[PDB]
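Read through the structure below, which is laid out as structure tokens, and then see the notes.
After this line comes subunit A, so read on.
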Amino acid sequence: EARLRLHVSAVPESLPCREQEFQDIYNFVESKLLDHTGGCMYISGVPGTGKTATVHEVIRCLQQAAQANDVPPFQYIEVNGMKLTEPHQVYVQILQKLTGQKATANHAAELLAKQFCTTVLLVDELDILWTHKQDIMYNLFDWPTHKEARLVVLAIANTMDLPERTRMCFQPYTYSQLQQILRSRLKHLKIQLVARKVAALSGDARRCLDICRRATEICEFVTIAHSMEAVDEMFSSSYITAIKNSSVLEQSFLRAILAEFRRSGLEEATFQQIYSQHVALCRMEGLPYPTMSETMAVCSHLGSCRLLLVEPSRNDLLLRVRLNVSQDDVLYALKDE
Partner candidate 1 sequence: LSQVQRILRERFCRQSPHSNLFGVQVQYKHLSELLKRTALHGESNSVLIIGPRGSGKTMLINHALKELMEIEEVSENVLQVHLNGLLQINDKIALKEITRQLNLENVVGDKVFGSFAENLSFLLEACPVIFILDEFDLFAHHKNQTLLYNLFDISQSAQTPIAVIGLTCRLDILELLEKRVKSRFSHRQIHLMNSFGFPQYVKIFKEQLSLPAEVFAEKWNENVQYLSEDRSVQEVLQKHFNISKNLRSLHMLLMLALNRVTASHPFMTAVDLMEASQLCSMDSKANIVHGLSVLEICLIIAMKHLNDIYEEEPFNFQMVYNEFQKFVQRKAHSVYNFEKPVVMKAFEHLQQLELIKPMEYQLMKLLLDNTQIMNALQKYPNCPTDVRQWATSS
Partner candidate 2 sequence: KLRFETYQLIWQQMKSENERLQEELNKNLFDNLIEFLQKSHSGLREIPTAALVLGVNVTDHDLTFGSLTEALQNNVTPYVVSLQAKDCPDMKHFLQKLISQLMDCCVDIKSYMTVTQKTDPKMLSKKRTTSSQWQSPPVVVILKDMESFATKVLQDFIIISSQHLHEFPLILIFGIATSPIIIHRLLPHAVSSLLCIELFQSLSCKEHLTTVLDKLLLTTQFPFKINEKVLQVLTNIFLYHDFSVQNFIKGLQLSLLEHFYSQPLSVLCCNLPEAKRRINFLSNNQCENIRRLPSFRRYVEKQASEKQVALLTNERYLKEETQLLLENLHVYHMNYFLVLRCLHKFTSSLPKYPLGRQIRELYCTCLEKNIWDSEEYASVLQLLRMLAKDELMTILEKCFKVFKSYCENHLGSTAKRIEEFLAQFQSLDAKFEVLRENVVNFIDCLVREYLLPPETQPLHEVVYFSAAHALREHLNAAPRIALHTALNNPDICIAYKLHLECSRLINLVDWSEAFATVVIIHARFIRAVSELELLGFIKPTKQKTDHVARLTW
Partner candidate 3 sequence: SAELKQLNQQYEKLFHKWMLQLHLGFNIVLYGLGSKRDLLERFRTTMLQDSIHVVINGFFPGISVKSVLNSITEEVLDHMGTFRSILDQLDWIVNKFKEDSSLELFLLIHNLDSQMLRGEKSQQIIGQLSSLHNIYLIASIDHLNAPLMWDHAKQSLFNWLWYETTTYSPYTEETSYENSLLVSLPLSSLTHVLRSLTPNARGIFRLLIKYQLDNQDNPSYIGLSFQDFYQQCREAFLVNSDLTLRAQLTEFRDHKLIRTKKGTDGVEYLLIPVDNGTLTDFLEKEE
């Protein structure tokens, strides 16, 4: 249970290492809350930057403050866009969390309009609420600006351009910031040459905890060598691996592709042209003739694993073939030996 207790600490965690962002959001809600007014704040960032976690923290703190009467009471509501099949179910959620309970999306939206013509509403990943007419976004952002509406809106998504089609952004995590979170809870061990090794990344936090959690799995069955192995089992590109393990005729077919490309110089060629090249190579390697039924199989083996991008098999000799891997990568996979 020594280095095994370090397993238990990776999957979720607390408390935040985003110190400055937290304060900004707290003061935003506190400002709007103290005044008995509404507002909206859009939060950008990379998927791993601690946006929803920080918000949840700010909420728990504001509820504590609401118990001592430091800040006005009370209610809070959260809904996730990716948790719904059909965007319009949002109106049901919001209403169901408030009074009035169940109703259709049409009747709910009408009711929310009535209520809004204090409450904190978190809409996490409203990128999913995009619709042709975008009525729901227009409503969520219009509601807090009504006189009779006291509503504070916190909108999270991954892109800065969303509101362009009262704002904040979470930058990706740096060398030191990631290094911080890992040792931040290693307190079982107060092994730390690794925490900085894994810490060079782009830019998610989940990568760190999941990577190092795998490193411990390597150790048992932690040094820097264990983490290099951990990363090489994850971020390592599988394409070059597959080309090395591909069969004989599969490689000759790639050589055929590279031959046709070096002739034309384009990124597309037809199975017919590639076929002529493949015949030439099989002739020069002492191989048997590449029966077109075989070569079609091969070309599908390489298109099933996405080494190739191939037109549907119905087109027969007119298949147009693109490489899903850069020519330099293939030459390196074939020529390494």
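Methods note: contacts are C-beta pairs under 8 Å (C-beta built on N, C-alpha and C of every residue); 3 or more make two chains touch, one makes a residue touch a chain; residues count from 1.
How were these candidates chosen? In short, all candidates are chains of the complex that A comes from, given by their letters.
Participant: With subunit A shown on its own, which candidate in 1, 2 or 3 touches it within the complex?
Facilitator: My answer, from the options 1, 2 or 3, is 1.
Participant: Which residues, counting only subunit A, touch candidate 1 once they are in their complex?
Facilitator: The touching residues are 7, 11-12, 46-48, 79-80, 82-85, 89, 92-93, 96, 125, 128, 158, 204, 206-207, 210-211, 214, 217, 221, 233-235, 238-239, 241-242, 245-249, 272, 275, 287-288, 291-294, 297-298, 301, 304-307, 314-318, 324.
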